[PDB]
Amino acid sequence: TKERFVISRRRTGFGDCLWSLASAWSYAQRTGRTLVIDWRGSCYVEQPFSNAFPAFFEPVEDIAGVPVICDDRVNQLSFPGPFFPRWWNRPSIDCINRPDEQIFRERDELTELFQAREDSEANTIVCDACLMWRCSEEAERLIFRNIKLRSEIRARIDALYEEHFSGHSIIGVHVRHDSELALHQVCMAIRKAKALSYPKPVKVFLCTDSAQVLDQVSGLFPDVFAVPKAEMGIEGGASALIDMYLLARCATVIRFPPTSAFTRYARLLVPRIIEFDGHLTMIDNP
């Protein structure tokens, strides 16, 4: 029974990478294929042929019964054809041109495959498009529970948890950036979240890319805190993961925007989610 494969390629933010990974995992699980995690060319890693997965996560060779290849073996192994999507059967000279039109075509083609009754005859499925929303929420939860952050990253999460979360009910706020309007809307969301009842004293954990948002929100509410401060790339990735994982430890999370995969892990785990969609709404989980 010759080994067959699903390659999960993603190079964008980790929310997207990990959601997309879950979709690839799910198809591998369903059709009895090996999952290859291929994060060469990551936005966080300077070296273009280095698989970024091991820079952030520990080695993994099985996820819930699916064999996994997650390391620089992607540079050694020749994955067998035929390939799906069909574009991947083209000669490599014909693959230099890979515009966004082709990437979206593949997203759709993979979506159709994943909905189809019959397994593909292709020996290697190459997933090199966004596969957010293309799997069950249990597949997403499986990924998060069965890959393990590198110890240096877990240590930072554990310290901040000890320092701020333990003994408290934390309201997490993700703000990814008229400016005045946006700030007012954030404050109203925080005010709404703070009026809810919590079992422990409340603090506000802010994750934002804007120093101005941090400065202003911190100046407008008590007990606001944030995670402080080639190596810049890795540190950028670590800080992202720290924020993502700590958000999933909050009592309530405010998603600005709720379309961001950054807060997906939090969405799966946190008891209460507040989203703009403008007026605010709240999702009880469960």
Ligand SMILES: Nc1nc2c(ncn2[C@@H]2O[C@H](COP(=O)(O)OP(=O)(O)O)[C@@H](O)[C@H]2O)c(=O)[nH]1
Given for the second form:
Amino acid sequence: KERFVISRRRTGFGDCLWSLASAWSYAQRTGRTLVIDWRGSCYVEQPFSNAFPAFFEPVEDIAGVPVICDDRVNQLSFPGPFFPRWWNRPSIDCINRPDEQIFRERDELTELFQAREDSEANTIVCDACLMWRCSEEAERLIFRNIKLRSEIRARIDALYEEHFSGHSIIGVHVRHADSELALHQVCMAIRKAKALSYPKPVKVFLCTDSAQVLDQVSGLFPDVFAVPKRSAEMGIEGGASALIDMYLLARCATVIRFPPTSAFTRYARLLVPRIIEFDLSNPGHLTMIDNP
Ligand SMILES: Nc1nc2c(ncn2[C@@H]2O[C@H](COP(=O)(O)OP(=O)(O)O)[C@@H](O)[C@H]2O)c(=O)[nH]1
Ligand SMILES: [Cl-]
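Here we have the form deposited without the ligand; I need the corresponding form deposited with the ligand bound.
The next block holds the full complex; its first chain is the one shown before.
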């Protein structure tokens, strides 16, 4: 009989894709079908629409694991019993789903994934953060075996030809008196990054939500660039521009993570040759990690 693992996540794409890689791994390991359920995504206005096909091409199989990733989540009844055991409660008992319950489920799923024996539950529902609960091969398999929609890929390609080709790009991811120090730290990270050697002429690719950070970093360093800014359509367009930056960061020669705890730059950490960041354990000090 067919048995399932459901990967639910509705936050930023880095978290959604790392978490999916943990769902996928358990499905691989126990001979289950993997269901990608992105209903309720922060990027899609309508609440019951599965967001995965809005940004990615259809996928029916990942490295041997069958995959359901479309609006079939709205017609199929996935069978119980369920794990975690909360998912066996009546639906009126499931309206209340506080953070304490989500975090318990992360911990329960983590225990299950470390256990030797498969669960007897016919459907595993993953609806908590599962970052760091899989191998790096799992993560790499997800990114290699799903594909961005043509419309998003064309923009990545255009930008790549316009700014990346023929050059070595230092990528800078900046999330967010406090603004004075932060600006200063970013500048010192960029000077460190620029002191290294590269094969091709250098340009600086800046990914930030602040117009003021763009403008100032642009005035303090040559050859800085960013992706231009262009209801439900602003949902989609926010998702798309998030993916465009996430994927371009992973084509840089060096990437600065401010901060390093962001899942947004996880893909870049996996592929890019050099990562620069603030060592939180020794705060205020810059460290450089060479990729294997
Ligand atoms: N377009 C774009 N989106 C980003 C960038 N960095 C982060 N984001 C997204 O904007 C939000 C940033 O995370 P944050 O506001 O700290 O809260 P979070 O949901 O816990 O990650 C998440 O949706 C990120 O995936 C970026 O450089 N460009
Ligand atoms: Cl890889």
